[PDB]
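Let's start with one chain on its own, the form deposited without the partner chain, as structure tokens.
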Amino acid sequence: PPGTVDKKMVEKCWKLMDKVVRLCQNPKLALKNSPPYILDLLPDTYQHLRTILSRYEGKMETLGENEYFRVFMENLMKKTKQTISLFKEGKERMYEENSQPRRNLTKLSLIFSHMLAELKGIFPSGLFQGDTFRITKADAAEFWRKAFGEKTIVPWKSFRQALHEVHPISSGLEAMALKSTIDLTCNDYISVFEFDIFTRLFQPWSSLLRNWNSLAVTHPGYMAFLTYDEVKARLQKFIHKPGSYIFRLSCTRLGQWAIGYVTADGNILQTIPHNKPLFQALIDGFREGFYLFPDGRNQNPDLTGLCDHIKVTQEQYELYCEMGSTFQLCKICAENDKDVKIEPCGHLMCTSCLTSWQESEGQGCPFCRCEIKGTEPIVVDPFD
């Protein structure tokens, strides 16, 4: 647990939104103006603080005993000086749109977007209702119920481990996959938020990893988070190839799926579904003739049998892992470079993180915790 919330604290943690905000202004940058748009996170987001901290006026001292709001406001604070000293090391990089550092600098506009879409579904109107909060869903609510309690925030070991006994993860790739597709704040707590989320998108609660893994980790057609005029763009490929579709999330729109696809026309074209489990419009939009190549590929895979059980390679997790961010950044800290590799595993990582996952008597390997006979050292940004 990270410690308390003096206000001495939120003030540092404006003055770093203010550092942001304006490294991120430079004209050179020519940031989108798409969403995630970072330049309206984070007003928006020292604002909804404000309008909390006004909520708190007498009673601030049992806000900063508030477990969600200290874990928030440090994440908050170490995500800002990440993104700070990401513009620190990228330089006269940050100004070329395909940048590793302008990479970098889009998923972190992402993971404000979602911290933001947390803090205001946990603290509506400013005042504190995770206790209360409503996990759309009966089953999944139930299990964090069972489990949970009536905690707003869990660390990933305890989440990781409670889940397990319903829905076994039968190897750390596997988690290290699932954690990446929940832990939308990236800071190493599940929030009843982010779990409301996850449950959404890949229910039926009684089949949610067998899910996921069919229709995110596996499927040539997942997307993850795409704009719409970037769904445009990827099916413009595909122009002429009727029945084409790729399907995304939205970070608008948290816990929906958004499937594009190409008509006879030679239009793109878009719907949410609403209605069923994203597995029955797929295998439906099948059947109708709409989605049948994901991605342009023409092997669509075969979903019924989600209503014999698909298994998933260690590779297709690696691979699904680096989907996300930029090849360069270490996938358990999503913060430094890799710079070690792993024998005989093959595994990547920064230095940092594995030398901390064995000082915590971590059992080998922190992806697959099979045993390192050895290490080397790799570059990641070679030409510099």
The other form holds:
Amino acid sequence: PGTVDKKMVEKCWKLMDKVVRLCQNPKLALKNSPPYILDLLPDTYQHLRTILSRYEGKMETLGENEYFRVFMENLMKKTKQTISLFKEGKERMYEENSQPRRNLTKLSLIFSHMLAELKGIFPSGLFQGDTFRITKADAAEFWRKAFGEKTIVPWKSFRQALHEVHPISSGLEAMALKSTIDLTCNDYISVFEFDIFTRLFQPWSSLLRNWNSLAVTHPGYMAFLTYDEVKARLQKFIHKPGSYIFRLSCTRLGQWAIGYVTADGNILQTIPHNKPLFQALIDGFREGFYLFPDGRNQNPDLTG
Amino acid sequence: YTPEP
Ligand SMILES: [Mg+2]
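Alternative state: the form deposited with the partner chain bound, after the form deposited without the partner chain:
Zooming out: every chain and molecule, the one shown earlier first.
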């Protein structure tokens, strides 16, 4: 990624401005709920405006920062990709179940993850990536030993370092892992993305066994799904109480959100607290709430 | 989001 100057941030602002205008089309019927692209892009502009204001007179420091160069490169690519999506999708952007519309929804999630990462690394406009707090002690020790105080590393470097502690059994498994951990879809792993993954799939001691049981082989897990998509996907199971799915919370990154059909005709979503996802799923099955993952009659046996 | 069932 090349050096980021003030002109490059202004070019991204223009591209984001085009995406905002595309997403103001009333044919989209865009719901004002996270992730909401019409909030995320102006909020990203404002945080970049904040970053630039903290680096007045020291723009050479900001331009050389590796994380910020990777971030701006990804921001330009993602906005260009959204513009191309509208250009090629044409009228299919407004059909609610179309693939081009689903691609826009996934991109909206990516913009939300990117803003969350940017605020985690530049909390008040100043770079603090070297002192980021990985929330699980064992995961923090892994990153420190493998990468010191780095904020971002290429996927290849990350896979190699992880494999030495948690062996990855195959190339296909490594691609599934990458797709899970790389929330910003930039082929890099930030310390912020690593924290999120290791909080979601704790304990560290059995990290990849947990991820395999909760995501790789579990029909209830939904990658890159939003609150509104979970409610929509459960509608077909409104008469099948106990149908449930789960996914990453968008607004509380690092925590799980479980959606389920109640016995009284409601579709509710909850964020487990003070217990790991596996125990929430086990207790929920025993108590009758989480019986049918994605509406399927067989539920995985996690008591093992 | 609502409390856990
Ligand atoms: Mg990434």
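Numbering follows the first chain given and starts at 1. Here, rigid core means the biggest group of C-alpha atoms that superpose within 1.5 Å across both forms.
Of the candidates 136, 171, 158, 227, the only Cα that travels 2 Å or more between the two forms, given a rigid-core fit | Spelled out, the residue whose C-alpha shifts by 2 Å or more is 227.
Q | Per-residue C-alpha change between the two forms, residue 103, threshold 2 Å, rigid core fit | A | Residue 103 C-alpha, core-superposed: shift of less than 2 Å.
Superposing on the rigid core, is the Cα displacement of residue 244 between the two forms 2 Å or more? Yes; that C-alpha moves by at least 2 Å between the two forms.
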